[PDB]
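Participant: For reference, the chains in residue letters:
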Amino acid sequence: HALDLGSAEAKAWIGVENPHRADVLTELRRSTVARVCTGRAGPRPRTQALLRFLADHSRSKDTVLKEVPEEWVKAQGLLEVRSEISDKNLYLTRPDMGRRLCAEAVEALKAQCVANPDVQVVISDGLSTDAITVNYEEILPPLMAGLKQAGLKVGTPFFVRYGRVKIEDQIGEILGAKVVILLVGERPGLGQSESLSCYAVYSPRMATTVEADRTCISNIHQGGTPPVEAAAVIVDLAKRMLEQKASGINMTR
Amino acid sequence: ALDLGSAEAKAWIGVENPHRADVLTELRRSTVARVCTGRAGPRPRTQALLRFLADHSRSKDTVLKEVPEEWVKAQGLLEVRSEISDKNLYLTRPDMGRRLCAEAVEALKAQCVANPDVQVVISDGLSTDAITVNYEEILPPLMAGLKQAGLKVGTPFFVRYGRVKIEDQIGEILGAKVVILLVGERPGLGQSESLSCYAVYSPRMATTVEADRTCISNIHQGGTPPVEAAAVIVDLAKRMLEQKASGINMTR
Amino acid sequence: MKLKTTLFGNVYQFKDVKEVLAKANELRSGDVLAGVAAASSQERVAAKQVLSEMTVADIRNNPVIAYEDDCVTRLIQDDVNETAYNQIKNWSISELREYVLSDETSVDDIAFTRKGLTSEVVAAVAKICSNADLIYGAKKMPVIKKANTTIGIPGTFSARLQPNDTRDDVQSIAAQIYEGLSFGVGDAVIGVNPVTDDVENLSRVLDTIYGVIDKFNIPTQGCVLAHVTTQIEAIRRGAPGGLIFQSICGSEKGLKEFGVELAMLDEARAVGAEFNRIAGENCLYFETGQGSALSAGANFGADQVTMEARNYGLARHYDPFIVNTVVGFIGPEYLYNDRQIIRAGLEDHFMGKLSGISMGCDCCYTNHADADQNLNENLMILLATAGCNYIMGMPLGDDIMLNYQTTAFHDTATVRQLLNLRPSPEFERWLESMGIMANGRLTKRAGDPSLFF
Amino acid sequence: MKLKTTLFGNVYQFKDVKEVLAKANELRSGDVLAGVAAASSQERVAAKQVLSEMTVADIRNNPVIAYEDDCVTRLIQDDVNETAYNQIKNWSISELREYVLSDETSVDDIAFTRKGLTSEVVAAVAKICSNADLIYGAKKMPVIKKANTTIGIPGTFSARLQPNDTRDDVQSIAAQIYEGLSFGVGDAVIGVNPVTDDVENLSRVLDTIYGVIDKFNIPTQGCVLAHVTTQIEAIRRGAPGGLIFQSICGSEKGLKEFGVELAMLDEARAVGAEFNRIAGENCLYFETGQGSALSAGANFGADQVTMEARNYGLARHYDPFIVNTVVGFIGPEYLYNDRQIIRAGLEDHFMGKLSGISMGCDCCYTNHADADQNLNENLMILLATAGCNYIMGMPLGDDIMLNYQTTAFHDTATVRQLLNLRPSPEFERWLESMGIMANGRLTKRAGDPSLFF
Ligand code: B12
Ligand code: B12
Ligand SMILES: CC[C@H]1O[C@@H](n2cnc3c(N)ncnc32)[C@H](O)[C@@H]1O
Ligand SMILES: CC[C@H]1O[C@@H](n2cnc3c(N)ncnc32)[C@H](O)[C@@H]1O
Ligand SMILES: [N+]
Ligand SMILES: [N+]
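Chains as they are written, first to last, in our numbering: chain C, 15 to 267; chain V, 36 to 287; chain S, 17 to 469; chain G, 17 to 469.
Relax, there's no trap hidden among the hints.
Anything over 10 Å on all C-beta distances counts as not near chain V; from chain S, calculated:
1. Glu35
2. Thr121
3. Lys162
4. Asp335
Heads up, simulated DSBU-like pairs for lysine-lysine below, C-alpha to C-alpha not over 35 Å straight-line:
5. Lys18(G) / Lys34(G)
6. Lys100(V) / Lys45(V)
7. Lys31(S) / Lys25(C)
8. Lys95(V) / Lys18(G)
9. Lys45(V) / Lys460(S)
10. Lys31(S) / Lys18(S)
11. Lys20(S) / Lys131(S)
12. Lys105(S) / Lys34(S)
13. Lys105(S) / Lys269(S)
14. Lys131(S) / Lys460(G)
15. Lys105(G) / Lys45(V)
16. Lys102(C) / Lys80(C)
17. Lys100(V) / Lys20(G)
18. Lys460(S) / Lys105(G)
In short, the hints are calculated from the structure, not lab data. By construction, the Cβ of each residue, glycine as well, lies at the ideal position given by its N, Cα and C atoms.
Start from the sequences and build out the full structure, keeping to the hints where you can.
Facilitator: See below:
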């Protein structure tokens, strides 16, 4: 019969032939997103499982080069700014340029952003655009609300185009921010490309801050940690960061 | 110190404990093949691998180098090209190289003779060094041999970015009975001077199979010398006009 | 049959079987040049799914060239075992791939199954196979042939000594022969590509090869890769005959481009049985490779993978001792870089072993191609694990007359000692008696051509 | 020492050893990003020659990072056996390459010779090796360690079970464990990359891993690839200790980027000796990969191949049970395509084995790199022929959490049956008792996770 490789029926397909307990297989198949219980042809994967693998790869490769529309960020009321990177092609090959704000970038933040905030929220596409557009409206409003109800001096958000994680150190120095929160898209997986991550550092400094000084919250999407549920833990994290005056491995517990 | 492109490096014997070292010298000089370089277990020795990679770096540069336009005027030839525009397109479109461009047909019927008996066409093909190095040694005697006690010689011209099957279109535009094509073969690892000769009796874009052509390959200093070559193409050319055939359709 | 599928909610339509076979291929520069490749990675997967659900009958009844118009198609169709075909005529290509890969599928099971296949069906299975599929699948499909050496036995690995020269200089040819034998190369064949194609020169080259064979009583066979017509005439006139070679194409128009008729291969078969110095029953030798059909303008809109499989259905009729694709002999216009050449090598070998022929591979590349010698070393080892019957052998792989790089003499010795493989059993005894090999490994005095003096 | 040579009449002069080491590397996107790559094939070959003519002393006395400035340099220099060094200090890198590749060099010869090497010298040899050189040379340098399984015995092939989950769900992790055990994966380790880096989450993952181990009496070991400090804290508090893991970098600055002090690895060794459920004497686990030092701005102008060797020199000091490079884990900015990921995978494995560590490899790629799953199947087989100690295993290689593709459970079983390799002998006996494996091959009932219920 006809079958779409991207369909839910295909994703729940069981290819084990003559199984010991097929009821357990269905139990295991719904227990994980991993491509389990697809069977085998000798020691090789089965045809359909391979076909669904190659289909997802064609979709996953397209998410790499796609960019968030300049109109979408404007519709979110966000200030768009970019690193030294000009285009996506150069973004994949030059990580050092994605870690520095461009000349017009430094001056825009010093003009349109709140000086010396206690919590600064930065958002960048990173390596996944879907991780932004899909989860933004779900995580960001409760994030800003929790940091203000009842909170402190919150900087204004701004979108960083073609940005890497280390660029949040420059944003902390420029804006004098106490805590910089970066929501950035991770590299695209095979099955999904909606995975968002959070990198937070206390009072960053480009010269001394090592990578271990950041706290990481990964797999923020519908298939992992819910964005609204994630929004609350980032809020609490920002609290504890300001009380302890430390981040990453430097925090207790 | 050792230059990997030197004759001393080419004549290097790497066999550690030979049975007859005097034989190894005899065998190494008996061929251009990279024999007698020894081994490190079942793997090539370091110097032999280095000279391999060094020769390869040079061979890759002989692929993309092109004959200058100042060199083709010093020989007095018509500058005609096919549908290909640059070297990068030629390596991926062999179909466009088998057909002339639009302004090419208008220069052949205008600046050449009509219905010649032998037509000499030259093209760079896949190697430039195959043309420049052997040009002055094979062309002067080729044209002289075809007019010494020969017949109606055509006008020579240079086709840029050309293939072999492009002589089928020349054989009809000019209407020649025998078309002679000197083209550069793809570059080898150790050299790129190797030249070939593709000849066919009365080609026809609709019916000529590649088996109807006669091929004289490996024309260079290491293979068939250009002067000796030139003489054997003129003989070849006389045999095509007599037996009215070419390639497998010939005898002897 | 369906020529349509839905992928992520997108309907992909295909015109006929010929287009599905082409667009199911992994990306290669030849299919782009042929204008038959898929337009996107999504359409390629779509073609694979459509192809996977087609049955054996759907592809057996839709060859890329018509029966009444192509003698190669007729030869492929006339040789099919119809009983073996009826057993699998309704299997999908998906089920045939799983049948081949199954560990419960024995060698004898495949021996009868493959008789119900055509070349188009053979190509269809390879198109939906990954690289490890093509390697593991080919490994469990050994093909054993015998001339004066036995080739294809699992656990063995042979090699062709290829002593080519720019002037057919016999001193240069003999020098490369002693060099190859010192590394254990030559159990497949000692085959020379000649410069000039005349009976007198072929005999001179043949006497040189067989002078070495007769002097040391080498269990092997010589060959001169000229046209089959001049090989037959030379042997008829008294030249020593070993393997009779011919370059083949997968279409009647392609054979005409090569100046070959099917009757010539019939004559070569009869000439070998009457004259050739062969102890076994196999004496023919063919070389293949993707792009030859499109180069001759004789692919008729079919992709180069399907056309290459037709070479094997043609070669299978004449039961040759050895066949090998010359994977990267032509140029980057048909196979561009390392990825494509490796893929084509695994494809060709898998399709050859699936077609029941003694399949080897000339792991090679050209200098105008995006490749180097590290590519040949990658492919030769992947194919060795695939059970590739033989590779080529030249001093460091540098062919001084064909202007390309194949595998070195060192490479066969490396592959054998790395994977614990032996030469042909007859040739191994000679190497052992010569002091060149002990327990499948080169001795201290191996790799030294001066040992024969 | 000479820092120049003449190639084709052109003089190629280099600044120091560090530039010679970098320009000798094969072309890769990482050396270009660092500004240390050769400008052409000619300069690369010239750098290889200058490197091949430098002596062991020339490179041992010129580490990419100074002794008094870097604790990894000190650790490498302090652990050198000076008696083994003085025997080979005057050997050129060309002679050391031929020494390693020699069939007359036994495993016991290399055992003492490698003690006189530094990581820079190890990197130097790899830079003048072909792909087949890297494969054959590594094959003749086996490294055998023992935890609850023995790994690295020639003729054996192990695999790490990697059951990761987007939320560290113990139902998702356990489901992937039963799937991998049904293919014979897990003799190296059952290692989980944790989403959250807290003690209580680690103990839950360890209790799930060892709950399966204790239920079926599996000879293996568990591990959660969090930071080493949190692993130490969990095991001290009562979590089941098996292997202790930490990511490492080839420079002190790179280790500070990961938040790692050398005292932590010393503490990990002491914690394992007091708490870990390991029968053998090896209980540590490190992962490496080209590009980590450059990513941390801690390469100090050195190429990623040289810096990667310094990882192995660091790891050898702590004698871990397993080390594997994660060859294509990061992205195309360090290794762009199939050609470069394969070459780096062969270099890494060769360098690891020459350093004397139990070198495995995570044959993997990312979706923003120019690669596909056929690359993973090409490299996993080449490295197996090289005697790679282990690879990874995931359902079809799809990591739902780390967002990359590694090797499948099918792939280990494929490699084992293609190359007639067995698992770790202790783990093989367990699979045989479970009816999963017979004579190294998967039984008919294998590949079925419902067998464990
Ligand atoms: C690739 C990768 C790495 C790479 C980073 C190199 C690079 N990306 O250029 C390397 C190999 C160095 C690495 C190492 C580690 N990683 Co990591 N890594 C990833 C991965 C798969 C991708 C991250 C990503 O896509 N970021 C988005 C891109 C656009 O940002 P980027 O600026 O290009 O990359 C930066 C970040 O990736 C960052 N980074 C990468 N890993 C980690 C881990 C931590 C704790 C921090 C603070 C930062 C960090 O380093 C890069 C800049 O230097 C994630 C998995 C995931 N689902 O995201 C895990 C992940 C982020 N890593 C993780 C871990 C455990 C580690 C290590 C702590 C391992 C160890 N035991 O030492 C180290 C620590 C890194 C450090 N310097 O402190 C965990 C984090 C768990 C947590 N909640 O703290 C994750 C979520 C995966 C996992 N579960 O194992 N990692
Ligand atoms: C690659 C190659 C082939 C390829 C051509 C594919 C392609 N090039 O796209 C294929 C696989 C078809 C091939 C097969 C054969 N080849 Co061939 N081929 C070569 C090679 C190595 C390169 C030619 C080249 O670089 N030309 C320059 C480029 C710019 O021209 P091109 O238009 O791109 O190439 C065309 C011609 O080369 C032609 N061609 C290729 N080989 C042959 C052989 C003959 C006899 C003829 C007339 C034409 C021809 O086909 C191409 C497309 O039109 C030469 C070796 C050399 N030193 O030159 C041998 C060579 C030309 N081939 C030769 C031989 C023996 C053959 C075969 C006769 C083998 C056989 N027994 O069937 C067939 C002939 C097929 C044919 N009639 O076209 C001999 C010719 C000997 C002679 N006395 O004429 C050569 C010289 C090598 C040798 N063994 O000595 N070959
Ligand atoms: C002078 C070309 C030589 O290489 C062989 N060859 C190379 N590529 C191919 C190919 N694609 N098909 C058939 N034969 C081929 C051919 O048999 C001839 O002996
Ligand atoms: C969360 C990234 C995981 O992948 C591993 N990894 C990937 N690439 C590298 C690399 N280049 N060096 C060291 N470790 C690496 C790392 O140990 C960690 O466990
Ligand atoms: N072909
Ligand atoms: N590294």
